[PDB]
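Below you'll find only one chain, the form deposited in one PDB entry, shown as structure tokens.
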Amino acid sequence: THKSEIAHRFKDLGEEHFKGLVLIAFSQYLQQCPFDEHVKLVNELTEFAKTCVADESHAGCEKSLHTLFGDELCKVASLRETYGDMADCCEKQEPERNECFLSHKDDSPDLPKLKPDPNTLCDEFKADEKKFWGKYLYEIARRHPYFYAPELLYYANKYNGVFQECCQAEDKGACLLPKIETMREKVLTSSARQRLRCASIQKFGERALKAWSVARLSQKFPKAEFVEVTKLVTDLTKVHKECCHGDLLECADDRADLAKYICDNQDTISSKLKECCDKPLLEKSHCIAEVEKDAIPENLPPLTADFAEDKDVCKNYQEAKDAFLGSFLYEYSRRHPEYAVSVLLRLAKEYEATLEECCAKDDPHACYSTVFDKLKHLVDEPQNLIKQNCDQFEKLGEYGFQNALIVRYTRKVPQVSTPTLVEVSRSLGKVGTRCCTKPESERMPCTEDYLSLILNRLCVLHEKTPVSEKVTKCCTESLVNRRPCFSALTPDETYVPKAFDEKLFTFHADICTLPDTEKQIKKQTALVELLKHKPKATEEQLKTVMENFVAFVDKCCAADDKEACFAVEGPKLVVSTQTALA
């Protein structure tokens, strides 16, 4: 329909944005190459796009976006030498070649943890604002190779606006570190949301993403009609599909478009959008993404009416399954803005399973008329876990809770690799902080949605190199029952203990020197390995091993010759610990 896709997107996005997405795209496809390779790729591509803008007939201007990006990545001399089997993608035709690159996205790339000097940072910034802006896109995007790319350009500006307001202060440090931290959460979170949106389509079909889009949209805009929501849903699903499939130019473009549409139709969508719609382009879509719920309209009928009472349920459903089910989702979501999206989807799935068996039965209506009680039962099911988990969080504090979750997970999925068990248990206990201080009514929803983000990370880390059958099962059985499914696991008897490996339990003076985070991780790693070796260790003993350990580090980090003390106290500690675990 357009002579030249690259021309079209360049015009549409404008140079600056066009360059920032190309970079992000290269940086996600190729997470090792240094910055500088990438800025070369970015400009080559952009020069060429400029030629196509001026003359659309010009050779190459007709190629697809994959073919052009892909053409550019094959010309990397580093490929075979840096990326291994990656350079074999270059031997294929499109679209297999593109598929092949995308399958080498690495969810755990192992990159220097970003230690920033407020000084060096305000330097680099005053020297080159635009290169700074790019550098940040690169570093985030290479570490989060599914990160929502237009939402990333948004963060890059906010980053830049943080230094524009803070480098001209006197105590720059004190202005920066708060704002950086606050932003840097928001970015990890955004990444994990985005990774779960891609994990939907990839493992469960565009229909799962589409359904997410209904739940989210209906909650946010419950005034809007099904017909309208249905429109926004088609557009929102395409943005995310394109986005997850690495088509960032299309992603950005259709997203800007959808914001423009939403604004031009506030009267049929929401009363909360005034403030959003007066913002510039990137900020507009974010504000929208964050806008407040609209008020549930007034005389809505019972849901029982359309979905349980009505004798024609099986008729409407057989006629168009996903559409009818989208309607259930709109109707349920628009009335329960408090609920977790995971929950709404969990309800929709169950209502599906229900019609699925009931419409094949002799009087469907007797079977399905009773379904809402079953749904009431599901929403109430998880409430006691919360309580247990919050009390435990309050008693132990965040860090102790991370430890309890380390033990807990290591017993249920001890075949999981240790890096993954530590990362995930650390995130799981950050849920305590996120959700436990909230008013009770709010807790279950909060938790349900965070645990989905986090359990997805486990599934995604594990599916890379799969080792535990239970995890594979929970990860592939569903998205929306993962939390129940993980919560229903228990330690197992099949597991042979890991042979003692002393190397994993030695400590050196370095331990005193590490940044705090890295110090926690090193101990939580030991803790995991301990449970893999001693999977029956009881909680009182582990309390002993844990006090004894803190006494040990404390003694040794206080000593005149710390090495000597570690050398000596070290083996003492292995010995008691080996002794205490019978």
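Numbering follows the first chain given and starts at 1. Think of the rigid core as the biggest set of C-alphas that the two forms share within 1.5 Å after superposition. What changes on going to the form deposited in another entry:
- Of the residues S103, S441, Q168, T465, exactly one exceeds or equals a 2 Å C-alpha shift between the two forms once the rigid core is aligned, and that residue is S441.
If the structure you just shared is the form deposited in one PDB entry, then what does the corresponding form deposited in another entry look like?
Since only the chain itself is given, any partners or molecules it might have are not part of what comes next.
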């Protein structure tokens, strides 16, 4: 019995989750407002839902969630003061009003860094568990306004489980701290991934997210029929769409239905689902996401048969380009759980091009007969790139490898801003640690997938106020060729070196008194600057400059009166460095 969307969401999801989803919505839309105020919004909106559960015909209950929510945003008194043109949105009609609001969501918000102090935290948690859960929802959402919401609730539960276990113990910090750092990695990954999903939707169509999904599921569910994989992909894709347009109640609902659909059909999807399908809802959906792949069906025809050798290939393609191509991507991926989905979509796109050309020619079959070998370079390229880069990772270690990446990338695209260059090169530096030690069967999936993620963060940060047409080009050409494209950029000698700014290379006694993250960043920032100033420095010249810098920092940190020391050796470094790079 459903004619009120908000009555329906509230009945299906239940009050606790409803409130969590609503809090998240607001925290993602108004990233600057106090936690209190957001709680008040969530409570008025939840009472209005209750009134609707009670009478589904009460005035307003027929209104979509975007309508009701947007209406709540439009009542915030501090709205124009705190967010400006975001308040122009109020003069639009739905869906435009929600598109313009979406468009103000800040991807790199100027916010204090989260640094946990176990006593205050353990105390707050004992005082009020729900409210604790809630500020978690809040701060994380504030920092990731596109966080996949039902998954953020899952993490808020685990967060709670960790605090419930550890606060009991004697050494809180030693219990809390490792667990919180591990989870912080997992949250940052999660965040990245959903940002890529939304941005892909927003820039390349739903069709791209769909293709990716066919590839992913066809990998996990190699036995499932193309029809089943198709249905899964449709529902799952709709889920991502609702979450990317900010309708969280609906995304969480459709997701709960998907997990019900899956746990109810294991027999035609996968034998690896027995475990997952016995957990409570959030845990269940999460487990379904990360599930181990099932066995590949034992005797399978070669791909060559139906896609290169058959005589009707062109005819079949021509009757249903999409189903034919969908079938290609499905059939390739169920056989290769060891290729990265990025590679798989590249193979598929190559296949489409090959066909678009050959099916037009006088004798198509000879043109398409030999396509698979033409497909070979798309697998060879990134196998090689991986081997090569992990070596560099072996000797240098994380931070050495990051310095190489900062060098590479700064030469590559120097019109790009220092903070982004830095953030992105560091993150790229994490790929070796995350992947290189891996047994070969994962290594390509592991690296390519991670890089799409980091390169998407580059695009999203660059799209905002674009400075490198080179970047814009790599980011917006094809979603799937981002990596190769970026790998393919060579440095530019038209690039006129940037004028010398003393401000950029003056260092003070504060650097000794920095959390290490801030140390490495201050340095890495300096390195990026130097390379925008001296585009053509060489690897040895740069290594030496580095040696001089670390000697200098160590020296001045070590004296009991350091400000004098920096005040004196600092310009000595500048001189020396300018002489070396003269």
